[PDB]
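Given as structure tokens, the chain that follows is alone and in the form deposited in one PDB entry.
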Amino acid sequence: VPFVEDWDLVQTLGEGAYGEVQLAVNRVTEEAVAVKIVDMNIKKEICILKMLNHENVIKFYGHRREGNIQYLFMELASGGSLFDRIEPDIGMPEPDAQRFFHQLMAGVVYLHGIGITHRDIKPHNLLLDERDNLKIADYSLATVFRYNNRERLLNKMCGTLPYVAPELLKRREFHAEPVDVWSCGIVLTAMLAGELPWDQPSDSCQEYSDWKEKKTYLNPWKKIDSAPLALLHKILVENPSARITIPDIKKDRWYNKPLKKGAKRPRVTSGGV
């Protein structure tokens, strides 16, 4: 029974470090949206949020301040997270993984093309609409890495250790785009194996050492077919300047492999075939 202007906040979708996220339903129009509620940087988030316009990125509808609390209205992805579609120790069917990977690259290319890096790509932040279309959500760590056609290097460490690229832990400053690419590879690994390969990509983490030594008889690699594994070998490359870029991902054999049948034709409601 809480509400904001014309919307009722009817269900808690999740929780933030500084927020809560609610299902908001418009009393008049019946539209359903998501609303992130922040008690009391968020100015920066809003500027980035207003830039977003792409089918694989959560759209921003506007905001409201009421005393101490900010409300950020956002497109709803009613299917929830990709995280909940990954069966532990299994993953998901390869054709479904490929499709989600396709969508994820489309959203990341978009963001990179407007000079925005998300910086915390992981299945928890990849939401699904009612047709299972992927949407990159939560721009609270996002930042500008290109402005007026000039790249800036990053230096703040942030993200989530099992998804983070090794340069982020090793270098004083690093390029944004390869970091996002690396985390897309860890997502792909999770979709195909239902398990993360390492706690973190550091020289003191055995499982990472094992990967650099190509011990792909170990989990999770041994669960992964040779084609997508060859892509993962190009993505999960320690040196960020040697790592595959998105233009080249789009040329990869597995990325271009036909795997998934299209949806059945929609039901006739009027007229003929």
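Residue numbers count along the first chain shown, from 1. Under this definition, the rigid core comprises the largest set of C-alpha atoms superposing within 1.5 Å between the forms. What changes on going to the form deposited in another entry:
- Of the residues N26, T245, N53, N219, just one CA atom moves 2 angstroms or more between the two forms under rigid-core superposition; it belongs to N26.
- Annotation for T12: C-alpha shift of 2 angstroms or more between the two forms, rigid core superposed.
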The other form holds:
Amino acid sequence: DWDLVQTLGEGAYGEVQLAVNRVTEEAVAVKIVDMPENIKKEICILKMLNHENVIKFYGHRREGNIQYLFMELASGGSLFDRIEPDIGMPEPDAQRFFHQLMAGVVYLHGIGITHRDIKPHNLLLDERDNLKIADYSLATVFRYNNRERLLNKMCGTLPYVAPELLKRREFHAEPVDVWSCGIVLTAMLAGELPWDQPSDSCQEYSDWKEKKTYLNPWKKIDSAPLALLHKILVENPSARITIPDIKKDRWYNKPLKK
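Now show me the form deposited in another entry; what you just gave was the form deposited in one PDB entry.
No partner chains or extra molecules come along with it, only the chain itself.
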């Protein structure tokens, strides 16, 4: 029925491949996973999703120990491939992608879902350059019956993880996703990641906490988006800006063209 044409990327459990229909020539993205409690969780979350800034999930087929997850093929590819190394991208394009990222994250948080691994590799683009949050393999429920549950599991990607995840036994889900969006914004505006990890043993992170914004990547960033990044990349998650307040930010609301 299908045929694995090209590899689109690889995760912890399974691989994502470009599948072209043997009859219709319809090209889709298929996540092929071998072997359980996590794929049942992932399928459950994928069926809950319905938003313009979240990848479309078609369905799932099981073949013994093999699990197939059918998803929307994003023709524009990844946000990662739009970032020019050491440069980034034009500020109006970065603003628009950030507005769309916030829209997708507000939606997820609104249904009580935390993504837990936001990065340019899983932010995909459709034919009209609309951003779509993909890869729900680490996603979990942080709110149910209007009651918040604290996270305790270590997961994500070190340059994108919030510092409380490395320090605290339990932490709130929403500030962790806000933090990763901040690193994505830095990547879009500088074409460079600021640190290997947000720990005191990492010089670049110590430099940021000491406000050495005359250093890269910060010196490449204009004063307005840099003021926003100062509010996002705050060590104490209880003092960190929330998405309702990000929506009131000067740069977030700055009219930009071309």
